[PDB]
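Given next, in C-alpha cells, is a single chain: the form deposited in one PDB entry.
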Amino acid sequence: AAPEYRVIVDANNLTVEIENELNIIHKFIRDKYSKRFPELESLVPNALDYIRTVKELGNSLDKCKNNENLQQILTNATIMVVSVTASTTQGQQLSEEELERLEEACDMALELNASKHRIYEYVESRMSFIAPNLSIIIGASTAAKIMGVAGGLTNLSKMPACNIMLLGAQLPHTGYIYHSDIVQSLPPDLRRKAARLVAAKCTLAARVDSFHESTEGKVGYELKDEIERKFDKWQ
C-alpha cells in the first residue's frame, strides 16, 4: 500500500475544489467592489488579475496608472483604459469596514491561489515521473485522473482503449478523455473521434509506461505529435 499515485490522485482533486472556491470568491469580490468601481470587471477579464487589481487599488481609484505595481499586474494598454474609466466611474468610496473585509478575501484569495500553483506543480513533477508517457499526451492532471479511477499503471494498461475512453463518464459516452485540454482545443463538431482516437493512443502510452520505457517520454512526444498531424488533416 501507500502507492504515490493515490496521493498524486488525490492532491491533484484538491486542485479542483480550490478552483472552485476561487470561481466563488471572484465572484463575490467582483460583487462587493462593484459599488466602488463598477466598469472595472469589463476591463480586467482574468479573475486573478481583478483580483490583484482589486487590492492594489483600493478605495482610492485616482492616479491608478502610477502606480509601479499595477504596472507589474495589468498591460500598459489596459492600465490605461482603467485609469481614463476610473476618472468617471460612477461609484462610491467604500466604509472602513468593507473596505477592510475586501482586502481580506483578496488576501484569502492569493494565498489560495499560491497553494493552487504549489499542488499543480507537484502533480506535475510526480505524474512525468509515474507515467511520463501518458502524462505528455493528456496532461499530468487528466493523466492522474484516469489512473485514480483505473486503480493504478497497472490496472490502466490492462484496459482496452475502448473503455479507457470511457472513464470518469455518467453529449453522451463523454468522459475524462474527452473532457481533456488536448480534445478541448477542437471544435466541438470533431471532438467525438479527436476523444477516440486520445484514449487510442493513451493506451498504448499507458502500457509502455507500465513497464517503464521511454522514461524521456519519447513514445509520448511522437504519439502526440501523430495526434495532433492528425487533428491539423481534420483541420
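Basically, rigid core = biggest C-alpha set you can superpose within 1.5 Å across the two forms. Residue numbers count along the first chain shown, from 1. What changes on going to the form deposited in another entry:
- Comparing the two forms between these two forms on the rigid core, the single residue of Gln184, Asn66, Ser34, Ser60 with a CA shift of 2 Å or greater is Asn66.
- After superposing the rigid core, the Cα of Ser141 is displaced by less than 2 Å between these two forms.
- Relative to the superposed core, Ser125 shifts its CA atom by less than 2 Å between these two forms.
- After superposition on the rigid core, the Cα atom of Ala150 is displaced by less than 2 Å between these two forms.
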Given for the second form:
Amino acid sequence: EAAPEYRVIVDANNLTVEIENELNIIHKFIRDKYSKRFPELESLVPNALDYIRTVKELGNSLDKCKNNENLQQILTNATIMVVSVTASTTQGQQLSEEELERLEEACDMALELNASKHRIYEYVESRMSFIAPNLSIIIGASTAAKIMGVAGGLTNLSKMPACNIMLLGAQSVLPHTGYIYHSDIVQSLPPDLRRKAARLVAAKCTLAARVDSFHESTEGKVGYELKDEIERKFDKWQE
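Give me the form deposited in another entry now, not the form deposited in one PDB entry.
Shown next is a single chain and nothing more.
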C-alpha cells in the first residue's frame, strides 16, 4: 500500500514502448529524407539501426564506401560491396547543408533513443525479477509488467483464472488475444500454433503469478521449471 513499486516499473516499461514508437517514426523519416541522396540504400539495408548508422556514416559522400573501417562495423563485407556497386549507378543527388543537418540530428537522436530503451529495460528486468521473478522468467519482464499493470498488481492478478489472464490487454485486428498472445515467446511460434501457445503460456503464468504473490521460490525455481515445461511442449508440437 502507498506508492507500490510495481506501478513505477509498469510505467518505466511503458516508456520503452513509447521510445520504440518514436524510434520507427524517426527511421521512417530518415529513410524518406535520405532517399533523395541514395534511394536504393533502403532495400539493401532493411534493418533500421544498420540503416541509420549507415546514413550517418556516409552522409553526402558515397565514395566513403571503399575500405571504410567504420562501415565494416555496421555492414557485412558482402553487403558493403553490393552498396558500393549500387552507389555509382545511383540516381539520387546531393543534399544541402541544411538537409544534412536535418538527417544528422535525427540519426543522433535515434541512436540516443536506442541506448535509453536498453538502459530503461535493464531497470525493468532488474526490478521485475524482484517483484515477480517466476512470472518474469516465463513471459519476459515487459509482458509481465504489462499484465500486472492492467490487473492492478500481483495480488489481484493472482486471483484471476488463467482464462482471463490470457485476455488481459485485449483490444480491427485479432479476436481473443491479449498481451500474452503478443509476447515474444508466443510470437516465436508459427501462426497456427499461437492460440494454443497462449493458452499454455497463460496457464503457467497464472501458476507462477500465484507463487510470486506469496513471495516464494524467489530464485525462480518454479519459473525455470515451467519455462522448461513449455519449451518441451513447443518442441513436441513442431518438426
